[PDB]
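Below sits a lone chain in structure tokens, taken as the form solved without the named molecule.
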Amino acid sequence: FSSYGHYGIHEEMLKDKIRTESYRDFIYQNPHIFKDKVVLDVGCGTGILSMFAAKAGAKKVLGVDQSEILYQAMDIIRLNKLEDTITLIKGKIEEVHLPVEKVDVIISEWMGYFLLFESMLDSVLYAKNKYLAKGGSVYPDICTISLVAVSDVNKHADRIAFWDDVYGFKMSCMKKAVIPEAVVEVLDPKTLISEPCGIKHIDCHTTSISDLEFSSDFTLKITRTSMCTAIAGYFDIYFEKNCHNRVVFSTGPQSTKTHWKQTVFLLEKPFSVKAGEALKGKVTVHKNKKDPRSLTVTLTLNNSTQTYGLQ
């Protein structure tokens, strides 16, 4: 997270209005969760979430960040005259000393592409287990991951078939290098050819890092006779617990784009499909053993298995 030291990443998250306004509406519409409480903001970045908490009436907010962005947060917090409520702490949540032993509320923007990329939920779960007061709460509290079948033969060809004739030379062996790299892009919802299928439900209050390594059967109900060229992944985020004004956002292709877009696993061998059909398959999501921040996602479908990496 040298990357998180740069303004660009933060600028992009703050320009993600669906994302930021969701956390804002949650905090502002449910002040009772925050009023007079002690709040921990895991990975506070510019301090945006910590300031939302302060405005909703938090007694004390600890903004923790490992990146150099923390120093901007310090200045930002002072600029807004919030330094008597929000403390900034520089370091990894799993190793910094905090000046308190328990907190009432943990808030965090931890989600990666396909929800789990970067493995920042591990860090939030660490904070939850070590610092959340008995009876306390962690937000967002519920998360889900869905898959949807895609048909886009022309896009498939632009990316894959590119390699067949490059300035007069065959480079078709490159296709074997292309297929395994999951693509992060916004999908044209016109190209969706199934109903979605949930593949994971996460309760952030009771889940363990162990549960974030998972298999799931899935069935996609095809809505359009055509050819399946890819499977897409996405996630929904819920703010529910203790909320009278409950907040949800989706990062699916049917919803307003976010900076997470969608994660797309291209099929090595696309295959036909009929409206009404129940397309059956299996997905496995594991940390990349060499780099636990990277994901490995294995799709079995139409009698073939393929492992994909998210960077």
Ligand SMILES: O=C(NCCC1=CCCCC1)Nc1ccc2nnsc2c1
Contents of the next structure:
Protein chains: 2
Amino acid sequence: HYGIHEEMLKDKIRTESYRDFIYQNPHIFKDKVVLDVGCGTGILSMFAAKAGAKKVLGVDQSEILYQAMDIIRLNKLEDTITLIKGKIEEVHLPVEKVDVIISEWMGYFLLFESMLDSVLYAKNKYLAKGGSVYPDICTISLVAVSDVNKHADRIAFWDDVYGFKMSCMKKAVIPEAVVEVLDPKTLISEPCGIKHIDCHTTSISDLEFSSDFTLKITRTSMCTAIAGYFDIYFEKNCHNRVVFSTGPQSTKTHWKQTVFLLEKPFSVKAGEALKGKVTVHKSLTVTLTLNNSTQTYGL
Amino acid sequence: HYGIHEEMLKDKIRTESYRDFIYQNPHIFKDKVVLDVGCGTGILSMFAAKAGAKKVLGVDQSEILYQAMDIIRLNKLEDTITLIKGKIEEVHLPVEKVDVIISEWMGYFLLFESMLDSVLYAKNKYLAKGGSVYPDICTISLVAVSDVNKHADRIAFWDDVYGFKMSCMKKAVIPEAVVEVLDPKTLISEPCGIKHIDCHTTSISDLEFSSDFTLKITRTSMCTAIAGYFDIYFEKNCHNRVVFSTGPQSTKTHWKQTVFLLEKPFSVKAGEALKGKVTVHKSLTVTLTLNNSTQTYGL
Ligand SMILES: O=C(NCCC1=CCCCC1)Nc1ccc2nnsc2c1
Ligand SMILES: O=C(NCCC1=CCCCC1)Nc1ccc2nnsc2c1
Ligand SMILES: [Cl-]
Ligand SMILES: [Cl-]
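Given the form solved without the named molecule, corresponding form solved in complex with the named molecule:
Complete assembly follows, chain above in first position.
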């Protein structure tokens, strides 16, 4: 329980990105009313207070909120930061509107078990006209993978299990998306963006989407999986823009990467433009069409 | 879901120990009626069938049981192995008694989220007079740990989190037992057994227990945690006895080791006989007294 919060705090890419955004753009926070959606320990609320926020409201539905109360007091910030326990759609705030919303809401593959729905609710109910939401821009990308040894470990493995056939288990493991840090040497295409979200204009219905994609193959090889990741941007009104990626060419984060195993690996050639389609539906499911096969995956 | 079953199958120490016990002691199974409690994919049932079982009954409450049905058919064992979906305390078996019970029921620190309760129920309701249950003997042990760097990572960490005090979080993380493979070089005492279970005579009430223990300190150092693990024995009527340990001096298993962090590390000296007390209560909790401090931990 508390160990999870510890893990997110120790994710430097995640936490230092938010810290850098806030501290390097204090003009965004100076004398502003800030709402921190799903505040956890309160760390983002304290960053905002340090950057000069007039008032910060930290909301969380979990028992961690009681720790946050004690944390805020230990740091002598109780006159700036007010904490409220509950869902953002149910709680009563002591203001009508806020100037800025900040939140670390992101799930695996951006949208699995994410709090984006609550952030958008907060944006629609509470954001002042001309206010801002951060991080403001997110993208999701796909990339092709060749890893014949790992595929054999997950799939061919079932053909002989201590002397017994277990082939039918292949059908059970294929639909399970995997969250894992990938060796960047196993990537065999350029990444392809499949989704762009601006939190200022995105609605809840935009989170169910379809995209035709094209993977520019960079290595002649057997394609055994498709991997997904996301990038997070702090852009609007920033003098110091901040970006981080959760892809395999970047420093690992707790989001790792998301892997969709192909039931039937197929050969590709460098220079090939590999076309497919992806759809994300509400727990989320991901439907992939590639090489004339379709499979739906879940996390 | 299915990935978990895959992980348990790929745990060689676990799965090969059961395989070796059954295959190297086929006299235990020859022409016998066998009950496999929580059969998963059915692998233990198929081992027993291969060793010459007259009849095997595999029971599991999970959807994996449907995969097991298909697996048993792929291996042409349906005339020997019958699978039944449900809790052992609710299902109807096609026999009054069985000759042998086998089960992989073990949890972290032996007893967290274990199926031992169901195994003992099966033993009491269904085991023929003079029948046998395997594995038949289990022990739990404690060992002292020195790891000042890891302790600092978990505890002192909270004193300064990106410039802010979070000291109160120490109290939240201490009670959370950790499941992790330990570096055997960090062990600073001889192990001490705190519990011995023979499945033939153990009752459910025996699983809540207390033990005074003595740790024979082997290195002058700062003791920062107490670690727990368990050993599993296949003994009764065996010509080829089989043992495995889940301790840090042995090949890692999926059970890893269980770690109870000390809030206040304290110095110990080689040759010291360090005395403490441990009690396990029904989710399980573990109460430790050591160096005049008491703490209750959970998983
Ligand atoms: O499937 C995993 N990891 C899951 C590991 C696991 C091990 C034991 C049971 C539970 C799940 N990774 C993975 C990465 C890149 C790949 N490229 N082509 S196939 C493929 C696979
Ligand atoms: O506490 C862990 N592992 C938990 C790692 C974690 C990291 C980030 C948040 C979630 C939990 N191990 C550990 C082993 C031996 C030890 N000996 N003295 S203290 C101590 C500690
Ligand atoms: Cl290849
Ligand atoms: Cl030391």
